[PDB]
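Yeah, one chain of the complex is gone here, protein chain that is, but the others are all in their spots.
The letters A, B, C, D and E name the chains in turn, as written, and every chain counts its residues from 1.
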Amino acid sequence: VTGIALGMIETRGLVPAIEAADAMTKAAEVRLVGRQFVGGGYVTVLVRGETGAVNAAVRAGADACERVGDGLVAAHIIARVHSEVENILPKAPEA
Amino acid sequence: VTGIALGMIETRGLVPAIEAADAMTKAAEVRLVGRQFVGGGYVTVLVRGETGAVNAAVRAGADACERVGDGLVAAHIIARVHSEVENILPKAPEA
Amino acid sequence: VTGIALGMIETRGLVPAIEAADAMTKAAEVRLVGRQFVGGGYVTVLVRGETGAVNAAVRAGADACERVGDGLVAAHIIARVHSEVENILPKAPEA
Amino acid sequence: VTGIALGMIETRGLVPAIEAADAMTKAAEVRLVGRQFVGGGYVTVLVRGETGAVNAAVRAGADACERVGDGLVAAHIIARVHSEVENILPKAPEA
Amino acid sequence: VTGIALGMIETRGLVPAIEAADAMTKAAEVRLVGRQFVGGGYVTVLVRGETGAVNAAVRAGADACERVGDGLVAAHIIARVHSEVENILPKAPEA
Partner (left out) sequence: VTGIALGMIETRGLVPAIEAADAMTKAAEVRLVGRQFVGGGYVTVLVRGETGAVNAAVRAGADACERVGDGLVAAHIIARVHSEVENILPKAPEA
């Protein structure tokens, strides 16, 4: 796979997170690299790919959870992070 | 057992979670694979099975906690996740 | 002791939790098997016994904390959980 | 020292907790056996002693933090817990 | 250094905490002995010194963060804690 764009969707609840997480990977060719628990209820999900692929993922992921549980927080794409920032980005999630 | 659909119910409180967790397994043939603490008070419960089995579980689990403690958050079914997503799904809960 | 019913009281604060925890064990013959911190402020307390014993525990535990600190969240009894669910139930609390 | 009554004060903030914690021990002869972080912002402080000693502690501790930071949550005394309950009570706090 | 008074400022956010933490040490001769995360968003910062030194620290620290981020929670001085209470006070923060 090996694109490096970043898709991110932030939710309130893990349940919306997991639909997001899944609709995203069903959408385009992304890699789910992280699911984090931020405290306070937000959960983020994070996937990497090429730019087209990651643009689609997030769109699809957005309108999939927007009404699941307590809903969507943000949904956002950095087509190319800076190497400085990959030091806080996970490689693969913790199962 | 070995179905792979996913049942998920998100709650506010562990106490509603545990009724959910139990009414679900009493309902159909599902496996309780996870109970997670999301921070901020939501707790999720997660079970796997075949599709029929997991459709029933969640329905039953929903109307069982909807009035327990602080109540139900979401209740949702992914009849078939993508392997990318099983990397954040637990296999069995932590006792 | 060795009943298997379940008593559960959910609170907002540990202080209400501990009165609950104590009035419960003073009430009937239950075993305090868990005190968990759910994040977000709820704390749950959990005890096992026979059915009569655990019915009484919770009643007594309820009206004991209902006005302690930030108060009672839920109070609820599963006279018989399913073995699937004992995989998230603790055996004895962590001191 | 070795009384076994229990004094408990629950706060919103550690800062009110620490004034409580200190005014309490200055008040009567109690032992500070625990300071716990409950998540969600409440912090509890817990001390043991004889009954007179622990009655005074809490009174003094109450009106000492009631206006510190975000304030007092509860303040409560179990003159004698049940041994079942000492399994969730700490022996000495974690420094 | 080795005074034993205690300065404490509680905040909502780490960012106000860190300005506090710094304006305090710039103010008088205190030792930053702790920065704790209380859950729920409050963060506390804690410094030791002589009494004059620690009185000044906190004043300076107060009006420095009162408008940073989500702001100041409390700000408070125990000129002399009881040894019972030093069992919950850290010696030096965790970097």
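Here is the rule we go by: contacts are C-beta pairs under 8 Å (C-beta built on N, C-alpha and C of every residue); 3 or more make two chains touch, one makes a residue touch a chain.
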{"item": "Residue among A:10, A:19, A:22 or A:70 that touches the chain left out of view", "value": "A:10"}
{"item": "Which residue of E:5, E:9, E:43 or E:58 touches the chain not shown here", "value": "E:43"}
{"item": "Contact set of chain E toward the excluded chain (per top definition)", "value": "12-16, 18-19, 21-22, 25-26, 30-32, 35, 37-43, 68-70, 92-93, 95"}
{"item": "Absent chain, residues of chain A that touch it", "value": "6, 8-10, 36, 38-42, 44, 73-74, 76, 78, 81-82, 84-85, 87-91"}
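As a convention for this text, only the chains that are shown with their structure count from here on.
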{"item": "Euclidean distance of C-alpha centroids - chain B vs chain C, Å", "value": "22"}
{"item": "Centre-of-Cα separation between chain E and chain B, whole angstrom", "value": "43"}
{"item": "Contacts with 2+ other chains: residues of chain C", "value": "38-42"}
